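> Position chains B, C, D, E, F, G, H, I and J against the provided structure of chain A, taking the given hints into account.
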Amino acid sequence: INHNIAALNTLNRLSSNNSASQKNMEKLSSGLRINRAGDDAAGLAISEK
Amino acid sequence: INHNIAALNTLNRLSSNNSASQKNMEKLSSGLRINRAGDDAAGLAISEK
Amino acid sequence: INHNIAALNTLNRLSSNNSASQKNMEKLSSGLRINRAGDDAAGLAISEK
Amino acid sequence: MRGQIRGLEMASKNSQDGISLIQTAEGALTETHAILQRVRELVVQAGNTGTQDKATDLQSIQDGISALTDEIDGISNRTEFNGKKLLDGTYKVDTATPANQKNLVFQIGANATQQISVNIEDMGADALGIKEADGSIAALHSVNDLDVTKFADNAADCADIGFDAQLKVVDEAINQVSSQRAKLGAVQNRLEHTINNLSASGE
Amino acid sequence: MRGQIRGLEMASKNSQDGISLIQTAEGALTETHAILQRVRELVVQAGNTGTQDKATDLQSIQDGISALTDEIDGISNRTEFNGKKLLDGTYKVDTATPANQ
Amino acid sequence: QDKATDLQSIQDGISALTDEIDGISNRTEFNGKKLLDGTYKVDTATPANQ
Amino acid sequence: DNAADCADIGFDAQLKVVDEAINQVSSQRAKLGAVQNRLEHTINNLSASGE
Amino acid sequence: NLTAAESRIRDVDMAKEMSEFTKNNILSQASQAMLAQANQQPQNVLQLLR
Amino acid sequence: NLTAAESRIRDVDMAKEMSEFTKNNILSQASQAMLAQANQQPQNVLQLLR
Amino acid sequence: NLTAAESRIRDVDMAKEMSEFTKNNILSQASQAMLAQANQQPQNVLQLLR
Numbered sequence: 003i004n005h006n007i008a009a010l011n012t013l014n015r016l017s018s019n020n021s022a023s024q025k026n027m028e029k030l031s032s033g034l035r036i037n038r039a040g041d042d043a044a045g046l047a048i049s050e051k
Numbered sequence: 003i004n005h006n007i008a009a010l011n012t013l014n015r016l017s018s019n020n021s022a023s024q025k026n027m028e029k030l031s032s033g034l035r036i037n038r039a040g041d042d043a044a045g046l047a048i049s050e051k
Numbered sequence: 003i004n005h006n007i008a009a010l011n012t013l014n015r016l017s018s019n020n021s022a023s024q025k026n027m028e029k030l031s032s033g034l035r036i037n038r039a040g041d042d043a044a045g046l047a048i049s050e051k
Numbered sequence: 052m053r054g055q056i057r058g059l060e061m062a063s064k065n066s067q068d069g070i071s072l073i074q075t076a077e078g079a080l081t082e083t084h085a086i087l088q089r090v091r092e093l094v095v096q097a098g099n100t101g102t103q104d105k106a107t108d109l110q111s112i113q114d115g116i117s118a119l120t121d122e123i124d125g126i127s128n129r130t131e132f133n134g135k136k137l138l139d140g141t142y143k144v145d146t147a148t149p150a151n152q153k154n155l156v157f158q159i160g161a162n163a164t165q166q167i168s169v170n171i172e173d174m175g176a177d178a179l180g181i182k183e184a185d186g187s188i189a190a191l192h193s194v195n196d197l198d199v200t201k202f203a204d205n206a207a208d209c210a211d212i213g214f215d216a217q218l219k220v221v222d223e224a225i226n227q228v229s230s231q232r233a234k235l236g237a238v239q240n241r242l243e244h245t246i247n248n249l250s251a252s253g254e
Numbered sequence: 052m053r054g055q056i057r058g059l060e061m062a063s064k065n066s067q068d069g070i071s072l073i074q075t076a077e078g079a080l081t082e083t084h085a086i087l088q089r090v091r092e093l094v095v096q097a098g099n100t101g102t103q104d105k106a107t108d109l110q111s112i113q114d115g116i117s118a119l120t121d122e123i124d125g126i127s128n129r130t131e132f133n134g135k136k137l138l139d140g141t142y143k144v145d146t147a148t149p150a151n152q
Numbered sequence: 103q104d105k106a107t108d109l110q111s112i113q114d115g116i117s118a119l120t121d122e123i124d125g126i127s128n129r130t131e132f133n134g135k136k137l138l139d140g141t142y143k144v145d146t147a148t149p150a151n152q
Numbered sequence: 204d205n206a207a208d209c210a211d212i213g214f215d216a217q218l219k220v221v222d223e224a225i226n227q228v229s230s231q232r233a234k235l236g237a238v239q240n241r242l243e244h245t246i247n248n249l250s251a252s253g254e
Numbered sequence: 255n256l257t258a259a260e261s262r263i264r265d266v267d268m269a270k271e272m273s274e275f276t277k278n279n280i281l282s283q284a285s286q287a288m289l290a291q292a293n294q295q296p297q298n299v300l301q302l303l304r
Numbered sequence: 255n256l257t258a259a260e261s262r263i264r265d266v267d268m269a270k271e272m273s274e275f276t277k278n279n280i281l282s283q284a285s286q287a288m289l290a291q292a293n294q295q296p297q298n299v300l301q302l303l304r
Numbered sequence: 255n256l257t258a259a260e261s262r263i264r265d266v267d268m269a270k271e272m273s274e275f276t277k278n279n280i281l282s283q284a285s286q287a288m289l290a291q292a293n294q295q296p297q298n299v300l301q302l303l304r
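Respectively, the protein sequence lines represent chains A, B, C, D, E, F, G, H, I and J. Sequential numbering from 3 applies to the first sequence in the authors' numbering. Sequential numbering from 3 applies to the second sequence in the authors' numbering. Sequential numbering from 3 applies to the third sequence in the authors' numbering. Sequential numbering from 52 applies to the fourth sequence in the authors' numbering. Sequential numbering from 52 applies to the fifth sequence in the authors' numbering. Sequential numbering from 103 applies to the sixth sequence in the authors' numbering. Sequential numbering from 204 applies to the seventh sequence in the authors' numbering. Sequential numbering from 255 applies to the eighth sequence in the authors' numbering. Sequential numbering from 255 applies to the ninth sequence in the authors' numbering. Sequential numbering from 255 applies to the tenth sequence in the authors' numbering.
Extracted from the complex, chain A is given alone in its bound form:
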């Protein structure tokens, strides 16, 4: 089944890890634990206020 094996779970981990490290940078670079996205829009809207 050679043509069916790619360790696709590894590939999924890869996508996950790349986004993960990306997020780390974005927070590091910006100095923001807050998200740009509305994820925790409570805490965001607070800090906005």
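Just so you know, these hints were derived from the structure itself, not from any lab. A portion of the hints provided could be inaccurate.
[Unchecked claim] Just some of the chain H residues that point at chain A, by a computed CB distance under 8 Å: (1) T257; (2) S261; (3) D265; (4) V266; (5) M268.
[Said to hold, decoys possible] Computed cross-link-like contacts, DSSO-like style, restricted to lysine-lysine with a CA-CA straight-line distance of at most 30 Å: (6) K277(J) / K25(C); (7) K270(H) / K270(J); (8) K270(H) / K51(C); (9) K51(B) / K270(I); (10) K136(F) / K219(G); (11) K135(D) / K25(B); (12) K105(D) / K182(D); (13) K201(D) / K143(D); (14) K135(E) / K234(G).
[As the list claims (entries may be wrong)] Residues from chain I that keep clear of chain H, each with C-beta distances beyond 12 Å, as calculated: (15) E260; (16) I263; (17) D267; (18) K270; (19) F275; (20) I280; (21) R304.
We put the beta carbon where it would ideally sit given N, CA and C, even for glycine.
Showing chains B, C, D, E, F, G, H, I and J alone in chain A's frame:
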């Protein structure tokens, strides 16, 4: 009996070994000794909690 | 009865074996255990879906 | 012999197909679970940070949670195998009613009756299975997410919204995922050892 | 001589058939054994990790084990030779009863 | 796991196989005598019909 | 509807039909080949006796 | 999981299929050798009964 | 302490798992070589009994 | 955000595409080996039916 010999026990070992190395990767790639499957659902459900 | 002997059962085995090895190739070449033919149209129609 | 051999070949086929179903539902429940982790994060935040968050903040959270609900429901209503909604929480509710079960049978053995009985019962509305869905609590906190402003009224005072019941819904929802995956993986192991038998015995 | 020769040909046949039965049951018992290894893994875990596992955890384990039981029973109730359930545990229980062997 | 249509696909194959078995039993003739006429020599406990 | 539940369609009866159908072929061929052997030994007798 | 499911449907045991391929080659060749022999025997007959 | 507890549950002995990975590669490859040999022997037979 | 949007349109899963590339190489080579075998069988036939 040429048509009956394929070392089918070797073939069974082959299937076993391919799944084995696969599992090794999946844990290595994910960094998870835990299973996705409920095998040791005790330890899983614990780590979930 | 010289004109009546051809080991026709051997000939029938021959036709069978040629088609057999042919099928093996076709699956090997295509990488498909599935049939082109509707033989196991259940499993086929599943994989289609 | 050949009757049984061929039956063992199709047995291996059927069991592998079993596995495919399993791992489908398995990965889906893993993602569900990951959501539920996020949910509990939002529960602890939906402690209102005590009283510090305002009603709008709880509504922002609740928008996020209802969004997550819609995703859980999406899992349970998109996870199909051959059209069979494998996370149809009403697939095999035992009910104490044999007539209504859709028993997830797996005929594997080349011999008659050699079948495996499996149970599906999880879905987005399946959270604290007290017996069934209780009401606003025990299921519909997973669906409707009671932490709107009722929480700010009684952050602890009445259990129904006093943070307690909600966290218990989430905890039990997770526990039901855990046990569902436990059954699921139990059968996974079964089919592993089955196939090993089918292989050796077939040989 | 030929009577014995032919009887030896069918003897070889019968003995090879013996072997086929043997190796059938053999491989089945090997798989059974492998399960039992997994079982003992689940026994040592079903030391509850002492007390650390909870009742639900033990039930998750027990679900797995009862599943394994069903597989062992499946071995012993699927391993047939010519219909003869070769791992019928009641096949040849000596019993101290010749009538039932 | 198979659905009703899948069982019907299988059943189409099997009924096809039936038609082939019937074809065997209704084509296997010797000198016209349908040698696999299943009603050729049904003993029946009736000597008159054998 | 009833993959096992009633034997009539519960996979059991069907597999038993197939198994017995095969067994009836087996025994039919058993009789058939018994007669084959008979005619083998018959012909050997007819040949020797004829000679 | 779904591509794996498909892969199970289309699972080629490539080792099996190469092995079976090999066997069927062998069997074809053997059978043809025997067909040659089937053509050889009646020639021996021809000479011997000339 | 809690993330450490989890880590114990999900503890990957990465060295073990790379090692075992290696082994299982070796074992797969070896077994396939033997499957080739299983296909070679009956060919030798074919020639030798031709 | 816009260059990211484009990037999603032109998103190459480079790992996927290297993997699929690999596979298609394998598959091409395998199929050609089988084409050789397709040319070998009728030669065996030629000798065997000479």
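> If a hint holds in the structure, say so; if it does not, say that too.
Hints and how they fare:
| no. | hint | in the structure |
| --- | --- | --- |
| 1 | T257 | holds (7 Å) |
| 2 | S261 | holds (4 Å) |
| 3 | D265 | holds (6 Å) |
| 4 | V266 | holds (6 Å) |
| 5 | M268 | holds (7 Å) |
| 6 | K277(J) / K25(C) | holds (22 Å) |
| 7 | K270(H) / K270(J) | holds (28 Å) |
| 8 | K270(H) / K51(C) | holds (27 Å) |
| 9 | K51(B) / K270(I) | holds (27 Å) |
| 10 | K136(F) / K219(G) | holds (27 Å) |
| 11 | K135(D) / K25(B) | holds (28 Å) |
| 12 | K105(D) / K182(D) | violated (35 Å) |
| 13 | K201(D) / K143(D) | violated (35 Å) |
| 14 | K135(E) / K234(G) | holds (24 Å) |
| 15 | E260 | holds (25 Å) |
| 16 | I263 | holds (23 Å) |
| 17 | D267 | holds (27 Å) |
| 18 | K270 | holds (26 Å) |
| 19 | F275 | holds (20 Å) |
| 20 | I280 | holds (17 Å) |
| 21 | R304 | violated (6 Å) |
Hint violations for this structure: numbers 12, 13, 21, all remaining hints satisfied.
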